[PDB]
Amino acid sequence: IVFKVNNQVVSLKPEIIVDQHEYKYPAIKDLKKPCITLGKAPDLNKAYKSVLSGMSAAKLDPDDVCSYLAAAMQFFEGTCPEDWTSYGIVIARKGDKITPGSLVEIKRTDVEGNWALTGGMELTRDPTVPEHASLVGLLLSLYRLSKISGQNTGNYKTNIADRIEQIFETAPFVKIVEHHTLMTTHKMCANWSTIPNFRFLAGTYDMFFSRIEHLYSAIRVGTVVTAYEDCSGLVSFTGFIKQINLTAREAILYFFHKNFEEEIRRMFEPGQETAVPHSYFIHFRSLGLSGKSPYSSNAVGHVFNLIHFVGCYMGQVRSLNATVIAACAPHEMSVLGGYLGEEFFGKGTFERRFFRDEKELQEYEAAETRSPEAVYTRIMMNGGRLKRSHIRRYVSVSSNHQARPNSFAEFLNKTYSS
Amino acid sequence: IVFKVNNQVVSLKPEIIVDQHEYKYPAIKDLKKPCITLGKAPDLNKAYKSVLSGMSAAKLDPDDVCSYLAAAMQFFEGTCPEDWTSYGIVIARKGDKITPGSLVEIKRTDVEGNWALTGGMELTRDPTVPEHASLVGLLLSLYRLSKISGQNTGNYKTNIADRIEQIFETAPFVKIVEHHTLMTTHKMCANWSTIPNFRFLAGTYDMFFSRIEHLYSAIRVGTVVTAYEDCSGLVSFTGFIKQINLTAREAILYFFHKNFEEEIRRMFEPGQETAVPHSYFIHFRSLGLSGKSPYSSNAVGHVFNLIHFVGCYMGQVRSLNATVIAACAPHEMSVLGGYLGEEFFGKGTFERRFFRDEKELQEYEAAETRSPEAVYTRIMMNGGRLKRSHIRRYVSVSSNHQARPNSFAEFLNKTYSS
Amino acid sequence: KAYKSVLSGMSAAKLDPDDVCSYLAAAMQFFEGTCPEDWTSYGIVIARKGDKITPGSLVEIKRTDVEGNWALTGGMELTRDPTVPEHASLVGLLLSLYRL
Numbered sequence: 006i007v008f009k010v011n012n013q014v015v016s017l018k019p020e021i022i023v024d025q026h027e028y029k030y031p032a033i034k035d036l037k038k039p040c041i042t043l044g045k046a047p048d049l050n051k052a053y054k055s056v057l058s059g060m061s062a063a064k065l066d067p068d069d070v071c072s073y074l075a076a077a078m079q080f081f082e083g084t085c086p087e088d089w090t091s092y093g094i095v096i097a098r099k100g101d102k103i104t105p106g107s108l109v110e111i112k113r114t115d116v117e118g119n120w121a122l123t124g125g126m127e128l129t130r131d132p133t134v135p136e137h138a139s140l141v142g143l144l145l146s147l148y149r150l151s152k153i154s155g156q157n158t159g160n161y162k163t164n165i166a167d168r169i170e171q172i173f174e175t176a177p178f179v180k181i182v183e184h185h186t187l188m189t190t191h192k193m194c195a196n197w198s199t200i201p202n203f204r205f206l207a208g209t210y211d212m213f214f215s216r217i218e219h220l221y222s223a224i225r226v227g228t229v230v231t232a233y234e235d236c237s238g239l240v241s242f243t244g245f246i247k248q249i250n251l252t253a254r255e256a257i258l259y260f261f262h263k264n265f266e267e268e269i270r271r272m273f274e275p276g277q278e279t280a281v282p283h284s285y286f287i288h289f290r291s292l293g294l295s296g297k298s299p300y301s302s303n304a305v306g307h308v309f310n311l312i313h314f315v316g317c318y319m320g321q322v323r324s325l326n327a328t329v330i331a332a333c334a335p336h337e338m339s340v341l342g343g344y345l346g347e348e349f350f351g352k353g354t355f356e357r358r359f360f361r362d363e364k365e366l367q368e369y370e371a372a398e399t400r401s402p403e404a405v406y407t408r409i410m411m412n413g414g415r416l417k418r419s420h421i422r423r424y425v426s427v428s429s430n431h432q433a434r435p436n437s438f439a440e441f442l443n444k445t446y447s448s
Numbered sequence: 006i007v008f009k010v011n012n013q014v015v016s017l018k019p020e021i022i023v024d025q026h027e028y029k030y031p032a033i034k035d036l037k038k039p040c041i042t043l044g045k046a047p048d049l050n051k052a053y054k055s056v057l058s059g060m061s062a063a064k065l066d067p068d069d070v071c072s073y074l075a076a077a078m079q080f081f082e083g084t085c086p087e088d089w090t091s092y093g094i095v096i097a098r099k100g101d102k103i104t105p106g107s108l109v110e111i112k113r114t115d116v117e118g119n120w121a122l123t124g125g126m127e128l129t130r131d132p133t134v135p136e137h138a139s140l141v142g143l144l145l146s147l148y149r150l151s152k153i154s155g156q157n158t159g160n161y162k163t164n165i166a167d168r169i170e171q172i173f174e175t176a177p178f179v180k181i182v183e184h185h186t187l188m189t190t191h192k193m194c195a196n197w198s199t200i201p202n203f204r205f206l207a208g209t210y211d212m213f214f215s216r217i218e219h220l221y222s223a224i225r226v227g228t229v230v231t232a233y234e235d236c237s238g239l240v241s242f243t244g245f246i247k248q249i250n251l252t253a254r255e256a257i258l259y260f261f262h263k264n265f266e267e268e269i270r271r272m273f274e275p276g277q278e279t280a281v282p283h284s285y286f287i288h289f290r291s292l293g294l295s296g297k298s299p300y301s302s303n304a305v306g307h308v309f310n311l312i313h314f315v316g317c318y319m320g321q322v323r324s325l326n327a328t329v330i331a332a333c334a335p336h337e338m339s340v341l342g343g344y345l346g347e348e349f350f351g352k353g354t355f356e357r358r359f360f361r362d363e364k365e366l367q368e369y370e371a372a398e399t400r401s402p403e404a405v406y407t408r409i410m411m412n413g414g415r416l417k418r419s420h421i422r423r424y425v426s427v428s429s430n431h432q433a434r435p436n437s438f439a440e441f442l443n444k445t446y447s448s
Numbered sequence: 051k052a053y054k055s056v057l058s059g060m061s062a063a064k065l066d067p068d069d070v071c072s073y074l075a076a077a078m079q080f081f082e083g084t085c086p087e088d089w090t091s092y093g094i095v096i097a098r099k100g101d102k103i104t105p106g107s108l109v110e111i112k113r114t115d116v117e118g119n120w121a122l123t124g125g126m127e128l129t130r131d132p133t134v135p136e137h138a139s140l141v142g143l144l145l146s147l148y149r150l
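Residue numbers (PDB author numbering), protein chains in the order written: chain G, 6 to 372, 398 to 448; chain F, 6 to 372, 398 to 448; chain V, 51 to 150.
If we strip away everything but chain G, and leave its shape as in the complex, we get:
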């Protein structure tokens, strides 16, 4: 922090700025299944009638709903196709029938829930399992609706809600809430996503349904959002590698900036089961074993910006509508993204791979170029400045697109428009 200002005599002043985060990682050393604390065990059918009436009445108690969802986990059971171990060995083994309760630890206290029958809706007999499944799915789907809040998302929320309702009103599920009840409860239950126990249970359900196929696997439609939650950065990177046809290692070579270093270390920390198909990691944020995610689009802001800027240059709609992380030097990211997209748009690395004869193969072996070094030199020659063609492509993509409020498309349009 060196600086010199000149008054009548020369004076020196230092600058001061503050930035720091924690970024705790998910792997657990104690090997203790995620734990949630809930109330006294529910009265079976009585908890079902209270919450269903509450649904039609759009009044629900969070603690009671959580206890009902924990009890309903015993209803859903399936045989495990393969032996299952995540972090400390999971108990599930090949061919073993399991419940969702087996995946996480649920802790119950002496205090009993209100289980009140707020709605005038009445059920003469004890409910059947499908009815229970239909309610569990409808309750879980509120979580998804709670997450999808934002500008101009009204018609879209209703469309997903209608899809949710038709799934749970048709077999193997039975219609228990008629129509439009799901939207009205969501109006009163818009911030239910913030509730920790509700998120914990949704993640548990999604983990169980992903591994074990079930008749009521359609319940996952509410809980799909829990998978890879707050890991968009990592998710964007893995797609970027696949779309670009790079080996991931090679892809990092193209990241020519000092800022990427911290992010690359952040997302690739060892010991986290980023490498296991059905591990706790996929639902780590939803489950208790989490912190602010080091894999979020903000935690890896520069890499995320670069990825979608390249995506925009290649016309990837997902990138066009993703929201840019404004803090992480988007302009520099766009320039580098411009060059990388130029390299990757409309070009492929093709080589003859299939031959009629081994001799033919050997002859082909006896016999402008895509490399990180070539790209870096090209950037260096133009002084780290975008080419006119980069700008034209960017503008052509952005303008012929319905630019969303804070999307990359909007950033491109506002930035390069003449």
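Keep in mind the hints are simulated off the structure, nothing from the lab. It is possible that part of the hints are untrue.
Stated by the list, open to error - Result set (EDC-like, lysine to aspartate or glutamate): computed pairs, CA atoms no more than 16 Å apart in a straight line:
1. F:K247 / G:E267
2. G:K9 / F:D167
3. G:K18 / F:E274
4. F:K51 / V:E127
5. V:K64 / F:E127
6. G:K18 / F:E255
7. G:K18 / F:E266
8. G:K64 / F:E117
9. G:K18 / F:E267
10. V:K51 / F:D48
11. G:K192 / F:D167
12. F:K247 / G:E20
13. V:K51 / F:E267
14. G:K9 / F:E274
Knowing the structure of chain G, use the given hints to seat chains F and V on it.
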């Protein structure tokens, strides 16, 4: 100050203009926490029922509301994660639970509050902590809403208030008011932001919740405005360096003007803990000890204008909507900003940082220009006159934007339009 | 405080019988006057000429250590402590409910 005029003889006249501002800095030399006086501790049940009736009836008493919040701030307690030292006060010890009351001293007075009931409510029993916290948040949110008042605010005030209602009607908070009750009280509390004690406590709450995570941390939505309040110049400087991807020191070198000197010294004056993350500095304006902020946009106007002018050149929407400081030579700032924006727009400093094998670093180690000097020379060559291309860029940005009343966008459109 | 509670309850059209009764018994001290002549109600000297008496002086009221809720339910606009008339007007309106 010499002037000579000839009116049938030689005449000498002096010219005098007045220009002085105190710009006092926040002092922690007294080693005493900030203090306010308030009325006698209210009846827990009566204060809650009175304010709730008042809210539905849009009638609120400021001294009564302030004492109730001061009573409820004792309820909020949490453990301190790490050792917490203010600038001259040891505010906390690591592993010691603390309250907002531990942050600042409030002195009670023999004057009792009226706690009168404006309309009838259903509640007849003593209130629980959640109810108390839900009301505290709704009351604190009025402060943000009064600040939000201004000349063309569409329905932005209404939507932000709707969010506040949702926060405090969902768990861990309990719903105490029907929807839109906050909007009606806000109409009566449009200038509630001016009240000093209400300002002081809102800052106290925000500081406490920022250091210590709490179940009721969502109360910060009202008090978030107190953070870095009236320090927009400093905040704009920090964003400018990060977006521009330069170090604070390197960035100030490009500021080629005499006027900047006083402002730079003023905002980087030593003895203020800007670098400390949870220092008193972050909420100093809300608590007190500063009649006028030296880090306010007006105090550091020349810097402020140059920063957003560069942002407009780069198409940053925040800069486009920021209100220009007319006094601090905006035209001259815009010219420097055109050149500075020219240097930083569409250009990035790229270096290879990732290589395949350890051997590759040594190979890469074996070996226009972005510098303050090059820009300064480029300006001197054009004699301090904006290039035509600079004017076009400014014009292209302003015309394709919904220019707000006194915004930088409006200044650009009005200044350079043919 | 009791006057404010019952007045709010009156306005809220919801009244708690126990607090209403305690308020009326408490308010009995406000109404006092000298007895014109010697008073023998039923072999008991309730009053003597020139002796100041209240409704409380006629019947002994037993108060238990247990206190009532005296809660605020309805709209009461008094920002100040109530005056004696104010006390008497409420006592009359409450007592008139019996006749209704």
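Here is how each hint holds up against the structure:
{"no.": "1", "hint": "F:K247 / G:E267", "in the structure": "15 Å, holds"}
{"no.": "2", "hint": "G:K9 / F:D167", "in the structure": "50 Å, violated"}
{"no.": "3", "hint": "G:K18 / F:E274", "in the structure": "8 Å, holds"}
{"no.": "4", "hint": "F:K51 / V:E127", "in the structure": "14 Å, holds"}
{"no.": "5", "hint": "V:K64 / F:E127", "in the structure": "10 Å, holds"}
{"no.": "6", "hint": "G:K18 / F:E255", "in the structure": "13 Å, holds"}
{"no.": "7", "hint": "G:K18 / F:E266", "in the structure": "11 Å, holds"}
{"no.": "8", "hint": "G:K64 / F:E117", "in the structure": "39 Å, violated"}
{"no.": "9", "hint": "G:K18 / F:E267", "in the structure": "12 Å, holds"}
{"no.": "10", "hint": "V:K51 / F:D48", "in the structure": "12 Å, holds"}
{"no.": "11", "hint": "G:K192 / F:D167", "in the structure": "12 Å, holds"}
{"no.": "12", "hint": "F:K247 / G:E20", "in the structure": "14 Å, holds"}
{"no.": "13", "hint": "V:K51 / F:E267", "in the structure": "61 Å, violated"}
{"no.": "14", "hint": "G:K9 / F:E274", "in the structure": "14 Å, holds"}
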